[PDB]
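A single chain, nothing else alongside it, follows as C-alpha cells in the form deposited without its partner chain.
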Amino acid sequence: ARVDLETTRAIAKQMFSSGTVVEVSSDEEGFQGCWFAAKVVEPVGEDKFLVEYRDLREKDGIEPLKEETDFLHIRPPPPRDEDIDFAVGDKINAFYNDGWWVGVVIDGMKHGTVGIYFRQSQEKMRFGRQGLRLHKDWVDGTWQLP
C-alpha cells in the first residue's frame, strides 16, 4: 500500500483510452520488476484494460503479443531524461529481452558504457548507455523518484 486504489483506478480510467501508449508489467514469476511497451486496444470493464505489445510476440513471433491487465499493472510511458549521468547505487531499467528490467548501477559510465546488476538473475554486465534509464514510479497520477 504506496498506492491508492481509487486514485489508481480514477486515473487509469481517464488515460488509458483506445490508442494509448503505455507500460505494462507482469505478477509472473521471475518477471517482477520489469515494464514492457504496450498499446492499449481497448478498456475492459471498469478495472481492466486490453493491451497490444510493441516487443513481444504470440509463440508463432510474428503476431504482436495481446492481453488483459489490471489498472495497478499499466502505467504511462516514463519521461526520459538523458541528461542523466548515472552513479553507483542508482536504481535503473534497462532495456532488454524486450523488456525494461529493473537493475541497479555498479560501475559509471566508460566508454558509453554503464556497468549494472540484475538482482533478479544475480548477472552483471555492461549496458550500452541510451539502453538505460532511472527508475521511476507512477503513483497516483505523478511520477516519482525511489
Given for the second form:
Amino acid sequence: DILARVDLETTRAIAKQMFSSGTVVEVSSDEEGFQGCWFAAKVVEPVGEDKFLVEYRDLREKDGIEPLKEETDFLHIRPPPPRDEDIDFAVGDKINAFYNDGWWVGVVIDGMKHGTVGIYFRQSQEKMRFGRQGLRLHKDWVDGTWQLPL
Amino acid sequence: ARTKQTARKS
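Would you generate the structure of this protein in the form solved in complex with its partner chain, following the form deposited without its partner chain above?
Next comes the full complex, and the chain you just saw is listed first.
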C-alpha cells in the first residue's frame, strides 16, 4: 500500500523539517475501522528520529474531556491539505467527508443539489447527502508535495 | 468532539 508510492528517506526528512512542536497536522491509522480516515491534530513534540507525539483536535480520551494524545510515525502524519473551498464536485470524484470527527475517503455519486452532494463510502457501504461545507477533494501527501489521485 | 471509538467504524 504505503511505500510503493513514497520514498522513506525523503518522507522522513520532510516530516522532520515540517512537523515541529505546535504544528497543525493530520494523522492516520492502520487499525481496523480507520481505513481512509484522517484526523486533525497538533504536534506536541517529536519523538526520536521516526515518531511524533500528537494531540488530537477532536478526539478525546475515555472521559470525553481531555484531548487524545498518541505517538504517530512519519508515514502516518501529513500537513493539512490546501483546500479549494469553492469547487464543483463531479460524479466519480474521490473526496473526503468530515464525518464523526474525522475526514473519510468517499466517492461523489450525485452532483450538488440544494447545497448537498451525494456521497458513497466503501468502508461502510453506506451512501448519503453531505453538506458541501464538510467536503473536500481527496489529495495525497507524497515526498513533500500534494498530488491528486492517479 | 468525541472519543476515539465513537469515531471508529465497524
